[PDB]
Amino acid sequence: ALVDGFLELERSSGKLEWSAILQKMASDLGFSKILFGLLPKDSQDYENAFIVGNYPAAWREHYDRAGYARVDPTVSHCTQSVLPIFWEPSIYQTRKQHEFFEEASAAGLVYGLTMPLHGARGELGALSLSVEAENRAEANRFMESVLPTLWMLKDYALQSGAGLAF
């Protein structure tokens, strides 16, 4: 129930409740782990982004410490496009990106996609969602099956989330 979810987000109070609702929307849809990240207009301060979700804490910590925002191919994608980027080995091209892939894989981030977020007031962000699957073909099958719902979800989360972050 997408619209119901949105209304729940917009009747929530504080970051904890908002994050619980969003995570449950994603979980119900069939995704595993999620990260919603948002920066205000003109900011490139990734290490101080508004971050929501259930990525493993030690991974989030590692990412900040290693300055992976500068290497993560989804981040660079988000600066150039409003279209999703699917997590495939082909997006990891540089030597650093291969290292990144290995570390993200260890944290359970193998299959999934990232939806770039570009808000009405210049907010810049991402909604990333991982998928538990036995192979790429099955992960892609699931993602296709829910892509239209998720496409609406990312914009509802952006509109609501932007008000909470800022």
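Think of the rigid core as the biggest set of C-alphas that the two forms share within 1.5 Å after superposition. Positions refer to the first chain, counted from 1. What changes on going to the form deposited in another entry:
Of the residues listed here (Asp42, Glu47, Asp28, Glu61), only one shifts its CA by 2 angstroms or more between the two forms after fitting on the rigid core, and it is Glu47.
Once you line up the core between the two forms, the Cα of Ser13 ends up 2 Å or more from where it was.
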The other form holds:
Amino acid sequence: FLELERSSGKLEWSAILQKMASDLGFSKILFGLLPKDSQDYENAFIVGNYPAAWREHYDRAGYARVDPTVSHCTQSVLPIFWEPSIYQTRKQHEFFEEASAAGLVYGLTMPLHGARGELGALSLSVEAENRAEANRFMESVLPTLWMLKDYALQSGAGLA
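Okay, that is the form deposited in one PDB entry; can I get the form deposited in another entry now?
There are no partners or other molecules in what follows, just the one chain.
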């Protein structure tokens, strides 16, 4: 894990982060961090390899206000898994459908809360054939991801 802090700068950190993620089995990741008491996303540090069209669609649709993982992150340090039960309203369900259409079906979101009030999320999606396989996979990797998120937060807050 210390290779993240020991990376040279943004590009090497992003690739190392995305590579640790792929080695664990997640082809898609997004790390997002805001400074303490941020009012909007003008100063957000957001990196990863989510598809561009989905990044753009989520911004244009204002999905930070509907995505249930975002409100979760304001309330907890524990992971939220992407499962049917977290999409309660129709509007959350169609967030779910559009993420799915973009290729992001199975996954989880780890909240980020830094020592200087930084607020963020590390999200990772796994390409699996059904929820049973996705869940099995995530169990096997969860303790390692649990460390990764804090090593990512501490190093990324230093970079950002």
